[PDB]
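**Student:** Please model the entire structure based on the sequences and the hints provided.
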Amino acid sequence: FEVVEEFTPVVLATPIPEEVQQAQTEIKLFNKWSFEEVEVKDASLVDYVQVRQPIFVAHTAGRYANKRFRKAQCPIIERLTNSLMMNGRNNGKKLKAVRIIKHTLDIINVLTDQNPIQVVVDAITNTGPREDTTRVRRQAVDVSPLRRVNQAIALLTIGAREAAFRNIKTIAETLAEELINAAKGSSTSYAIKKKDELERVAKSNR
Amino acid sequence: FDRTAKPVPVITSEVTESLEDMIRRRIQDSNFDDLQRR
Amino acid sequence: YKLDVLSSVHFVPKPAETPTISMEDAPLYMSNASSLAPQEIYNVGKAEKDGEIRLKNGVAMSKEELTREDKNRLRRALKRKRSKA
Amino acid sequence: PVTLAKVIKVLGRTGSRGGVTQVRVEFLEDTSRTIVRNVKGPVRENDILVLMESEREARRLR
Amino acid sequence: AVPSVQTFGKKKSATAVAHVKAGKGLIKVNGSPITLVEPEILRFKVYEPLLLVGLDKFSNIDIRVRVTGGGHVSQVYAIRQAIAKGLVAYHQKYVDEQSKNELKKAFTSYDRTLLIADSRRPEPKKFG
Amino acid sequence: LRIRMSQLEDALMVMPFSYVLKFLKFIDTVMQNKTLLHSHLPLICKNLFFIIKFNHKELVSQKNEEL
Amino acid sequence: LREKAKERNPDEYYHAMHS
Amino acid sequence: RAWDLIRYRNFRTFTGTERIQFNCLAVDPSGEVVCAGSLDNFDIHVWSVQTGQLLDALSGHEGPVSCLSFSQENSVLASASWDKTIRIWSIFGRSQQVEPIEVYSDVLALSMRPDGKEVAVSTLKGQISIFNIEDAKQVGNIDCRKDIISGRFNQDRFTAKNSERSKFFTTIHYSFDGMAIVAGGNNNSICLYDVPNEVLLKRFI
Amino acid sequence: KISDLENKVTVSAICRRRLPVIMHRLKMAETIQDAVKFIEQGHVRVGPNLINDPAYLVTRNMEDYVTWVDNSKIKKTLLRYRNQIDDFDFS
Amino acid sequence: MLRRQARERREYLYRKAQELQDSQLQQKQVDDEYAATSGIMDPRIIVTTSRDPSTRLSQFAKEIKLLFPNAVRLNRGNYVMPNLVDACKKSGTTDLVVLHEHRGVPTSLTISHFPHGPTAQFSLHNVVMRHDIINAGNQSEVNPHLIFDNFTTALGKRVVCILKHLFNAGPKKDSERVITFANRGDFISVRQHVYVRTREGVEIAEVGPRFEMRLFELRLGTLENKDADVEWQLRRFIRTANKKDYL
RNA sequence: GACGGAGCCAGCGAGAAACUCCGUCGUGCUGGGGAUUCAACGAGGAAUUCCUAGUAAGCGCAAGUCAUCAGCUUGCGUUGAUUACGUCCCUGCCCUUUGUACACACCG
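Chains as they are written, first to last, in the authors' numbering: chain A, 14 to 149, 156 to 225; chain B, 347 to 384; chain C, 446 to 461, 470 to 479, 481 to 539; chain D, 6 to 67; chain E, 3 to 130; chain F, 810 to 876; chain G, 51 to 69; chain H, 412 to 616; chain I, 93 to 183; chain J, 1 to 28, 72 to 290.
Treat the hints as calculated values from the structure; they're not laboratory data. Note that CB positions come from ideal geometry on N, CA and C, so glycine has one too. Heads up, some of the hints might be wrong.
Stated by the list, open to error - Computed far set for chain E versus chain J, every beta-carbon distance over 12 Å:
#	residue
1	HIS21
2	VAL75
3	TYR96
4	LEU117
5	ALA119
6	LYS128
What the hints assert, rightly or not - Cross-link-like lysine to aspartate or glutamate pairs, in silico, DMTMM-like; alpha carbons within 25 Å at most:
#	chain 1	residue 1	chain 2	residue 2
7	E	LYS23	I	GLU98
8	H	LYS495	H	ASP467
9	C	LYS447	H	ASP451
10	J	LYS133	H	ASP454
11	I	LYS129	G	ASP61
12	H	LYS572	E	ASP98
**Tutor:** Structure, rendered in structure tokens:
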């Protein structure tokens, strides 16, 4: 059994590329990643790393700073791109973050055949520290999931930034390797090192 | 040569003592030109 | 009615011995006494006897049994009440 | 091993230190057992939280 | 005369006028095809309505957009608003309103900004 | 009694469950003291009820027959 | 002229306008 | 005016400084705060039930406040106007905030979900639009213009079908179960809709 | 004041509040006779309500919100000449 | 909404014309703008600055905020004057305060009264900020006492009436904080002090700041309205300017 | 990021840039820096100031309309974020300690 909704081949006076109608089949990031198979491995980060609403390009102009928690509804990829632009000289330019993240996803795919967006989700989940300390000396207590994801993005971006600040490596590749290493859980990623140190310090002052 | 506008005053010491003497006097007499509920 | 009807979007109706039946009531089974709060019926006031202090808490105080220290604070207590009043 | 606990009530007027919120959480593995914990980040009702230690009881941190 | 509708999209100072008529599926922006709009990275953005509702409905119409004012980003959003608005208006005027309701439902389900202006009127957050 | 009513509910709200069980033991101790309870019965009742409402789902979990 | 532009009634309607 | 239905007495009365005309009213679930709206002042007056004093005035509407409602659970206030917008007010709490949502046409009626998670509004265009309060995005839209029946008046010199006198619902309310809306207006019809999937259940003359 | 109220009130003042008189001041219609035709034909709405009776007097607070009806063919002309017909708003 | 504003302005211009005629006949109380809200509703004040303000100008605005009990400081990042004033009137503010500067030196002070004016513009001289004072400490924010000295002409009363309403009404009798505005040749020296009632007199202490303000424009309308008719303006090229006095 | 091409989008006001595409270069005080040919400068101590949305920040354009301003003042548009939006724990500043408050409830 089948259902047909179109009985005539569709041809437009303005030509449209084939990849565009292939996208009309399914919404995909940069027309080149699908969000369908994405799942958050850790239950805690669920409902704060938002990937259910598929988007073509990061740019959304979504108004996420009204409420205390509209940031959760923002797609995670926009959160990464918007965190990427920093250090004053890069302020005002998200579209540059969009190109950088596109190249980063390409690099992730090239190095690792897995869907890069899954790698980003894995890295964010891995690099969200679960408890840390507060100055009283210090006393150890645990972390809200929103604040976890916020540090995850921040530390990943900061490690990528500092790594290539005065290095032959470009921003795209340093971000890519940081994401890969965080997803693997390897200590090589700077953000995972900071997570481990923070949780260790909390354990000491537990 | 002529000057068109006023000279902006200089807040010298003998000016300051004169103003604060005025301020103390009103507080001494409790004369305050202040709004009140109506 | 006149200025209403000229400025009203909708229809506005025109406003309209022997013992008389009360057409409308403010319920019949309800009692007037039950419609009054206990405070309305009676509320504690000032001392009827000059040698007593009764507060709104419902406690009366004979001056004779009051100790000197208690009398002092009560006098100061009144003064604060009077001061802002 | 790490436990998961769902926030069930945010505690008020606890005298906690600035940036610190006292919370009560119900363990996912057993909806019965509840614990009071101290948190930093913006927290709300219906949130789940990962705990290394399920034995410590929160105390006012001034 | 030829059945047609006119509509607008606003974003900041950017304003796009979209004129929709019966036709054979011709999209032009400022006298150039939609495929040539810039910046290329945001091109998919203006493809977004064309793509969500299906290119089939567009096959029966010829549609022209003129954009002026604002910057490139604001111009892109003006174009996308204008095209969504014009499709809905044309469908209502000359096609069943059931399809109009379907178009509105799909667009608003994805992103309401396609259909309503997203205007950041300033608000004093500090009371007083 | 010394605790102010405005803060009683919250103080009773901060109460840990294992500590709450001990508060029930205290109410038991008040109960054998008939005169003391009668002196301050109402205040005891409100605190107990709020606590039971406060941890109703925890109390049912407890299966101690002595409890 | 500037004042006329400010307090212009958007609802004002005229007949020669039909042309 | 506040009325006790046990003892049948007006125990309190509230009024503005300038004798502002009130057209809509709403009461807090706690029964401690009241908010009323006016067709001439554009600002929502707030009184304290216990004290009877004006706590403050909630300003921000560029149009008259058409209707008001408190969430029975969340205690959030939703206000609608002829301003073509809806504003969600978080009056309770240390900090004060307003969340405006724009709508296509002038709003006439508003109903609050008993859960307090959704709000419906009736517009002059004849549409029932439902929005998610916590996120402030639309979730459903219902047409009403065709469903409404309006009879040509004897004084009308224009046909009923061409008439535009009343194809909007001036009053709406939910079903307590939360799956239905009953809508009414200056017309000869009551329409009952089924909210999740946006269809007409039945219509009454 | 009251002494003013004795003489300030005039028939002309009441006629001034006539809706047919008013929009003429608002310039919706060239002439009062054009106005009474439009209201009878049903193009003019006061607030959310349609008025078809010329003798209606608009009170001051409603004075601001007297306007044409959205689907009026007249309004469609209004936006057409200035070239801002937006068919989504159906006006 | 625009129609309502247009109508209200015409009523307002008519009211001042009628008020002006009444005063002139009297020549042969509180002003109409403030008469409605005088002593009933406390003032609601916003203090802001020009675009890309210097750090000092931001500091000065904070000082002005502390001067006025009901003042709130707002950053003027990319705000447009219509957008500013419209956003202001919606919140219900009574007055708007805007500052300008020159190389981190405050230069002008303009006050605009809502919903419909008047607007007064002042020029600042000899500005001395409190941040220039070391180990000064924090202010007291009680409702202060007000001192108005040497305001005689009708314009002087108008300047008094504008300025007086920016503060809350009914300061408590023994409030230790006093604000004084002393007119000296159209140059209003603005001072504020904290006093202690001694057994043999009064001792006052400056907390700062110091600045001299001169009115040079007073206009019947909001600051946005560069079309509004002018109530009064300062003539500088008149031959008598070097010796003419107005306040 | 620097350089060479190509592509282009504003609003103020009447005595464009940033930006996007394709190329070169390449961690070397180098194809950065542009003072007087090729300098200082490789991210800035102790400390310290401010700041919550079209906001911080980048970008250019226009007029000098009686105070002030002359690469300074104001205005116009373009690009446009992170974090928090909860707390009285520290600091500081205030308010109350005759319900007075028209019922119920609560308090004493």
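**Student:** Hint by hint, say whether it matches the structure.
**Tutor:** The hints, checked one at a time:
1. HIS21: About 29 Å separates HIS21/E from the closest Cβ of chain J, which puts it past 12 Å; holds.
2. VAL75: Given a closest Cβ separation of 16 Å, the condition holds.
3. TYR96: holds (34 Å)
4. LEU117: holds (23 Å)
5. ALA119: holds (16 Å)
6. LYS128: With a cut-off of 12 Å, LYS128/E comes too close to chain J, as the shortest Cβ separation is near 5 Å.
7. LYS23/E <-> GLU98/I: violated (64 Å)
8. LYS495/H <-> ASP467/H: holds (24 Å)
9. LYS447/C <-> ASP451/H: holds (22 Å)
10. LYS133/J <-> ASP454/H: holds (9 Å)
11. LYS129/I <-> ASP61/G: OK: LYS129/I and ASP61/G at ~16 Å, within 25 Å.
12. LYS572/H <-> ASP98/E: Within the cut-off at roughly 18 Å; holds.
Checked against the numbered hints listed earlier, the structure breaks hints 6 and 7; every other hint is satisfied.
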